[PDB]
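So this first bit is one chain, no partners, the form solved without 2-oxoglutaric acid (AKG), shown in structure tokens.
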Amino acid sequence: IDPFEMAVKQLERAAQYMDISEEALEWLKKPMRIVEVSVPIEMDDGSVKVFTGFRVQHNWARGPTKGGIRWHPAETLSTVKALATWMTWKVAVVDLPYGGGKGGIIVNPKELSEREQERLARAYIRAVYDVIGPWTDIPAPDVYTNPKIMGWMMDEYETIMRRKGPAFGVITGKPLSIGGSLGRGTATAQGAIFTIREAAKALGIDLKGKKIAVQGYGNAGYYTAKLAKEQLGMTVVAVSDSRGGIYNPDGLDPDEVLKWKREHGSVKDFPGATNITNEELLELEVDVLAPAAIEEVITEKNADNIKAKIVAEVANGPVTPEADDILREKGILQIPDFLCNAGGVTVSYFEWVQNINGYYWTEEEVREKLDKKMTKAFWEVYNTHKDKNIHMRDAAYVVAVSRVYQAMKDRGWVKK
């Protein structure tokens, strides 16, 4: 439907800037495997309710597919397919031995108890075992899922497999007690910080004391601001939640901001900070802007008023292509949406390697490897940007699709 068709259109506009055969493009349009299963569970009242589960493996040319699991009641097969297609490019732009995967269940978990959630996870694993595995398909954290759900899923997969192989490696995002890896919580934020640092280095901007404006103050936004001020030493001037936002030229420490949000339910009315809306934060003149909220915050209506030199979009496409072009012609170095939030998938890959090899790393080693991976990926995208005279998002799409197409050619899937 709409999401899958929009993803296909994105793939088309990406391909029309690179030399790819038509048959390979057609192969990339259609995902390899779609698995729609019935997930039966018994509720606390004793009645048996069955939900609809989707597992979409878009491609596995580069390696075993990787993909998050979303227990959203509005999840659709088209949405899962589009998300798997996006995951393919997200894992390809970072040079991981992964294909694109995605999972979901049509269910609202707000009405499910802990026992019901455990039963749902266990039954979903029982249903999708034959099309997943450590070397076939790796489920991952996503919207409305917490690491305890993945703990239950890994337990069920280990029970079914009879512990023949590396069960811990079947899924990622597991609790640190069993097969977990450090830096999982700050993964996306740390990747965003590394991308911002690389963008500043490319532009020659020294970030000591510079200005960062972050829209959306979830866990990802708070970690982004905190790690920015810690490593990059930048001055946070404005942070906003889903309700409102605050502004302070002096500098905001995210610790007390998160404390205020936890106490009063929002970051509004911060001591010494002027209360402003999302639009004022977006239009605020800063050195770098980071949208970490619900997607489609920057559109062609409000693109010409953006003044930040670097835009790092953490969310899944919060800036429209028209706004992308407007920012590009304004001399603003943007960051692709799937490139910025690729820290989470990179750290999930790290955890998968830790589980597969049976050796677990420390915070420092994971951070250094993530730094290297993000630096290399961003530099590759920037080199493609400079050479092809195209957009950052288009450059990342070209890199990802070129890698996937080369993998398909090497496997013999496509002869041209």
Second form
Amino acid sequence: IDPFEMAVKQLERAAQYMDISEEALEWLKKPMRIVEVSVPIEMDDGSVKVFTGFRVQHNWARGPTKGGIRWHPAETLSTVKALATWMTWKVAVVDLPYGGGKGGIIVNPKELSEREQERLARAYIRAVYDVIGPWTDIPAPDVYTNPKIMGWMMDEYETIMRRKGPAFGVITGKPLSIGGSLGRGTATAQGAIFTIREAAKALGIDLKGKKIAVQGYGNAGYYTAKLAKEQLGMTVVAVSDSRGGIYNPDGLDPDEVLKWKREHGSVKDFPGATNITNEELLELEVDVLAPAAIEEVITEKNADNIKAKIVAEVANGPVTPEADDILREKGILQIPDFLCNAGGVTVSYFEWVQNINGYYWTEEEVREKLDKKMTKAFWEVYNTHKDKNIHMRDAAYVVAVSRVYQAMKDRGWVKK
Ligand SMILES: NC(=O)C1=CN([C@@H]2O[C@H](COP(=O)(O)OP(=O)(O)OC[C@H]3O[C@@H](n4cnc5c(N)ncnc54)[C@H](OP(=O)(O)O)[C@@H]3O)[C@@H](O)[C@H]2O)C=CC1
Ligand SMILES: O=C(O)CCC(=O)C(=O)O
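What's the form solved in complex with 2-oxoglutaric acid (AKG) like, now that we've got the form solved without 2-oxoglutaric acid (AKG)?
So here's everything in the complex, that chain up top.
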């Protein structure tokens, strides 16, 4: 299934719930600029290898485009286009002055040296310099890409630009020593926690002493469980990893679980906790369920058996549309995927603002601003949810597309 057509059909379904002109829909169905470049690097053996690089700028009506760079051997142009289109709505739903962008290189970085990786980053910057900038396109870390590559890319951009502007702001996710921002590591989990708290407030239930189950125990899952336990005061009763999962009705300590995961390679066989399966964790009777793992964990097969009141989609699309219908009929409030995990891009926006201004904030200021942004975005989505009597995902899509459409109309791009 083409990832581009899928995004287009998603956009058409969103447009079905709102009044949008056909010309605007056709404009939004096509990326405004796609750049495909050859990335030649010198290998350690002395030969010269050429890679394929992409940089798709879907739409920049609201401002400079934003999006990460992927280094995956299976990366395709359609994937970049779909992810840029997705990023447009992600930055629109949280009200950032940003557009949609995405980049990628068809490369297997598992078999590249550090010097070869640096050469790849610098050559990619040299290839795509003409379409990126602090006010044109801001790349970001993504799968198989880390802040080290961001530092290399920023250095190359600064070298090419001859320091004629804010070279720090050309890219986000940089190391703290060079234009980095505080709060980047726990951005996604913090945004998810804020959305969960706002959802609980909307449903009129307090989270003090409640039960939360988290699927996937990576950076997002671990920090979600932790931040829940401290800030929200909830009782983490179950966590899981690809290998397996564990359950304990008396609660779990996220630090100890992470220590055991980092020692034995998995969260399995934790003391005082019985080993369970991922599906058993999904169907556990809790108050908040936060899948932070591979996608399509909630489908038509198991959607009816879910007992959680709040499902926070920390990961990317862990629920299939039939499962959305089943859960909405069940009365379970869902937080849309690109609204729950919008903390990372918000924190990225904050880093760009700090770089542009030349003044850097503390952890408390970043946390407070992220709280405001997430609270406002969630309440807007929930108000659309109740007013239009549609699904939460549908409301988030309506809000994002409405913002982009208004920006497009104000510029005069579309006359209707
Ligand atoms: N990476 C980011 O910055 C952000 C990520 N997201 C989305 O969130 C999710 C998680 O992000 P991230 O923290 O980077 O993930 P990680 O790569 O850091 O870790 C993956 C975690 O999920 C587990 N996992 C992988 N497959 C399964 C599975 N089939 N069943 C159960 N657990 C599984 C892994 O287990 P194990 O420890 O055994 O490997 C691990 O615990 C992704 O879907 C991602 O797209 C969006 C927000 C930003
Ligand atoms: O953080 C960014 O600017 C983009 C990264 C991304 O693609 C995401 O957060 O989903």
